[PDB]
Amino acid sequence: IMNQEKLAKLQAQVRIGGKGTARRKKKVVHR
Amino acid sequence: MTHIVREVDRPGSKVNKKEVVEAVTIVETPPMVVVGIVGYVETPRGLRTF
Amino acid sequence: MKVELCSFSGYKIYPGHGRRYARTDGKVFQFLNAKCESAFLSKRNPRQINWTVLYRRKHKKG
Amino acid sequence: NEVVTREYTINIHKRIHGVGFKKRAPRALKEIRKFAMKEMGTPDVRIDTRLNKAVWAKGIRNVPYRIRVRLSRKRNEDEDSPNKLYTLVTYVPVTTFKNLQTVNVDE
Amino acid sequence: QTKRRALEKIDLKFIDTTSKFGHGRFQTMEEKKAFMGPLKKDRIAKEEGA
Amino acid sequence: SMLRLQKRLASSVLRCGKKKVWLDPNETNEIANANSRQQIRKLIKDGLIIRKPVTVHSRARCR
RNA sequence: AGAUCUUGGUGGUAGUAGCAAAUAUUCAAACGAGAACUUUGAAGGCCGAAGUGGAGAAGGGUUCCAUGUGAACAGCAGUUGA
RNA sequence: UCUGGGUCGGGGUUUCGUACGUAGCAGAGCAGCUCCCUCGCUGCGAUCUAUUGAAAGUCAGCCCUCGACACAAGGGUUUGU
Ligand SMILES: [Mg+2]
Ligand SMILES: [Mg+2]
Ligand SMILES: [Mg+2]
Ligand SMILES: [Mg+2]
Ligand SMILES: [Mg+2]
Ligand SMILES: [Mg+2]
Ligand SMILES: [Mg+2]
Ligand SMILES: [Mg+2]
Ligand SMILES: [Mg+2]
Ligand SMILES: [Mg+2]
Ligand SMILES: [Mg+2]
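Chains as they are written, first to last, in the authors' numbering: chain A, 49 to 79; chain B, 53 to 102; chain C, 1 to 62; chain D, 18 to 124; chain E, 354 to 403; chain F, 2 to 64.
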């Protein structure tokens, strides 16, 4: 689930570029 | 530098009693402060500081 | 201190400033600077330039 | 203190005046780093990538005349380094440059 | 100094005071303001001055 | 460390040029461990490698 | 001692000429003892389909791929490389 | 030092010429709606009008601040009749 701490840092990882670039969809680790 | 307007009092000239525009130069001169005196003496080798 | 002259723009031209232009027809014009002279030579009407005095009084500015 | 941070505005146009077209933006970055070293007295100066993008926004020669930046002096105690302090410079997007003063910004 | 260029009285009539940082066209601050009247910055400053 | 092989394999699998290949700048050691196209496919599925969108060239002005 | 002698070596020149054809690179991070040049990400550019793009013939012959090295070469450097 | 010198900011000057947005029964005209309107209302529309001698730059080798900010008695190498 999402809380305020998780949301504020989520904004960082989904942005992989400046304005006009596609957002990151996922970053999943699986072994 | 700047320029001024004055009347010329030169008889026999085309510009006699006429208006002219002449460039002038502004030289700011604050008063000098005399702080010493040097005396020179004449020698056959020339002037030298006495 | 001499005779004050008016330009294309209607500005006063102090002595030692600008240029005087005499046409072949017998008319004499004087210009405050090269901008006014260039505007006049292109036959630009001073009433259509926003910073000319003639435009100011035509539009009753101020 | 020594972990102080502040906001400034820089006349980039004053410092680029005379620089050739193909060197204007790199010279602006160099002047930014030099100004940070001048103001915070720290040899280590890092420029945020957002500031780098903002300076290069209008290409290589049409550098923006003014820009608003934020200087943050921080500890470098993460490894054995000669300099214990480094200055981080970030971009402050502002609407206008009128009546802006060098202001002390808190945490 | 004996030439008529020298020993000649000089009586100034006008001195240019226009802005030499470009093609200046006004002599004093008051003349420029009187010719131009109030401006936008003057208007807003008077508004702040009640 | 040096991801030229990873970029080439990603461009091969994704069927796009090296311009569109985006590697995660954070998980460099994870991507560098990929040395097979199966591993590249798995990384693409896990979101570490993303095909960047085509540079926008609109025809609205033309229309 | 000579023969613009032959062969081999070394000077001054001289740390000199020079490393200037084809618009242009910047920021952060990673590895590394070492980063202007490697790699990644961001930005600004360029080649603008008669391309600096994608494939062949002749010709080359392993330069192809992967891993490792930093002796020598890539007229600077290189953690990179034909 | 009776502080200093910088960097911003302000003012002065200067250059170009009246910014975006808003508003207009301004505007070549055109396209829709008529219980409506009795002559109206709603769009599209270059350009114009007011805001608006406006907007923007102005030392980097322009002038003046006493507005804000921080820094400046610190470093290093030599020098003897
Ligand atoms: Mg001049
Ligand atoms: Mg011999
Ligand atoms: Mg002999
Ligand atoms: Mg010989
Ligand atoms: Mg040389
Ligand atoms: Mg050369
Ligand atoms: Mg092109
Ligand atoms: Mg090809
Ligand atoms: Mg190879
Ligand atoms: Mg070499
Ligand atoms: Mg100023």
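These are computed hints drawn from the structure, not numbers from a lab.
The beta carbon of each residue, even a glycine, is placed where N, CA and C say it ideally should be.
Some hints here could point you the wrong way.
Said to hold, decoys possible - Chain B residues, not near chain C, derived (Cβ > 10 Å throughout):
#, residue
1, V57
2, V60
3, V73
4, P82
5, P83
6, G98
7, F102
What the hints assert, rightly or not - When the alpha-carbon atoms are kept at most 25 Å apart in a straight line, the in silico BS3-like pairs for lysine-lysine are as follows:
#, chain 1, residue 1, chain 2, residue 2
8, C, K60, E, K366
9, A, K67, D, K70
10, A, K73, F, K21
11, F, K19, A, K57
12, A, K74, F, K53
13, A, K57, A, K73
14, A, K74, F, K43
15, F, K53, A, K73
16, D, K40, D, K51
17, B, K70, C, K60
18, C, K35, E, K362
19, D, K91, D, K40
20, C, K27, C, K60
21, E, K394, D, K115
22, C, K12, E, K373
23, A, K75, F, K53
24, A, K67, D, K101
25, A, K54, F, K19
26, B, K69, C, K61
27, B, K66, E, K393
28, E, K362, B, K69
29, F, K53, F, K19
30, C, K2, E, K386
31, F, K20, A, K73
32, F, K46, A, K57
33, C, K60, C, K35
34, C, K61, E, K393
35, C, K2, E, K356
36, D, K91, D, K115
37, E, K366, B, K70
38, A, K74, F, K19
39, D, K91, D, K55
40, C, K61, E, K386
Inset, instruction - Please name the hints from earlier in the document that this structure breaks, with their numbers sorted from lowest to highest. - result: 1, 3, 8, 11, 17, 18, 19, 20, 24, 25, 26, 27, 35 and 36
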